[PDB]
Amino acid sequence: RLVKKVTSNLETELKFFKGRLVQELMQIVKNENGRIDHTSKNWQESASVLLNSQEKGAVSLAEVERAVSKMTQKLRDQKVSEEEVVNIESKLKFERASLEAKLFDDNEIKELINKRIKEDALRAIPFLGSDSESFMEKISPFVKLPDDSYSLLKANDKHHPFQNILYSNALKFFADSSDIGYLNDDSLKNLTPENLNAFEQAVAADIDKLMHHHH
């Protein structure tokens, strides 16, 4: 029962860390107007601090590892089966291997950044209901971003242009009125087969158009 909770905490610590990591990396790609270059001085410095900063209460994988060490110590203090505890230390080591690989591979970086471009766009839809995470899971399957979504990141732009495409279409199809600029739990009743396909069609088309104009 404890093992389950510690595993959740590890998963959670890593989802937060992974997120902030990708966010930073995107300021580098953005500042380079959408060119991926994992060999630059700035990338290597940024990657190193995000993976290995020792500084207390900083956002680093190193900092996650210390947290998890305390937890595996507490598990040992309370006599939890040693197999369960090593298993956890392994997951952590595997996650560090994955990231060390991904961070220096231009295709892996593209995957991470296009996933965050989509997470950002869904978070841009102003949902004031109970559970925004659930809302976005309902929408996510109707949105598939091109492989080259990252190349539209520009230094000058505060936001990826996909934000405005998901913002507009979500309200066009799911808000009770045009005047309102927010969804809430009442909006869920507008997630009909017809509106979900039309949203899917619309977002796909606006994205195709922007991609074509760019290339």
Contents of the next structure:
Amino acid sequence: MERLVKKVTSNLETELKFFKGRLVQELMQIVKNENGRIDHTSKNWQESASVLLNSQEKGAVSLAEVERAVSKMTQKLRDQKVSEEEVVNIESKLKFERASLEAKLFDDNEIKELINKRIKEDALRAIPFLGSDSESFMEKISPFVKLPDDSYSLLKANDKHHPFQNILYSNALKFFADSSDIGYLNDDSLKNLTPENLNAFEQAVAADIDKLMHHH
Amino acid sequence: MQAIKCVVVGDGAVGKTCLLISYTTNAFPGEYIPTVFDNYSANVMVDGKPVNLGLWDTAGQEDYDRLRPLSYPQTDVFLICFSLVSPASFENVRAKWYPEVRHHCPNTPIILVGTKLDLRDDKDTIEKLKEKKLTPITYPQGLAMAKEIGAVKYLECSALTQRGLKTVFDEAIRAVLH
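Pass me the form solved in complex with the partner chain as well; I've looked at the form solved without the partner chain already.
Now the full complex is given, and it begins with the chain already shown.
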């Protein structure tokens, strides 16, 4: 009852977390092709947003396909005679999520915020952590990475990677590595996540980023 | 920062999401698998050195044909995937994916990947395809297609059992180091 609703709610949250991550990386390739220019009115942005929200092809990378997967679970709840109010509540969450994405993807400022957040996630993942729990490692580092509002503007047609990846990679080794002989971080590095190494990491990442942003 | 960009292309029969989720999470069979992979990198150990393995699924739907190629710049290695239990997905390797990849990336190494290896000898799946005048793709058929498209390797894997799964990514990395 509450157990079946909790499981579908958690599955919906997994669907949305994976789809929102993917959607912004896919939209980022349109921005990359425009060398970091944001303009929700362009032909390429309008088509990218429409197709990744609304493609109806079976197996599509689209919010419409995610919605199909969620419809399977809500139908199963109704088959199991779960209270209609609890099932409707799941359906309204999904409608909320669509409405919220449809508003954000046609707002230049909301697009910038989505892309800057994904840049941050990609740069956290560039840190060469080969230890046991990479999600918990990145959760500890995340509060010490503050990216500028114009981070999206550094996506260029000619670049394989956003340049912030190299900055987090190198600063993480400088402040958290257990030795100069190890080119990577692991469980032995975790003792190096003191307030002292983390604050210094923060300051050094901010300075390397500022130097990059102000390069003539 | 040693960084590899690995791009995955293939039809919806393929299970591109399960392939990438299974490799990056080693989730137990039975766990909830989302509709799409989120295209985040994985750090992997190669000869005592960290390698950032960028893993991108592409939006395979035909209405993304015009924009899908914006995913392809600076790609180090392509995995062109088909399902071993979908002959249509296998013919789309040479009819669609190989020409599309080659249009944009003439020289980038290709690995040909057959997925759903666990179904090729599932009694109910062999029975199902039988009823439609079909047969699963055999190893030699896959090898022939790999030669036809000039793939550097042909590999077969199961997302479900992880048979062949590590080798796909190991070979993808090896193909870029050459």
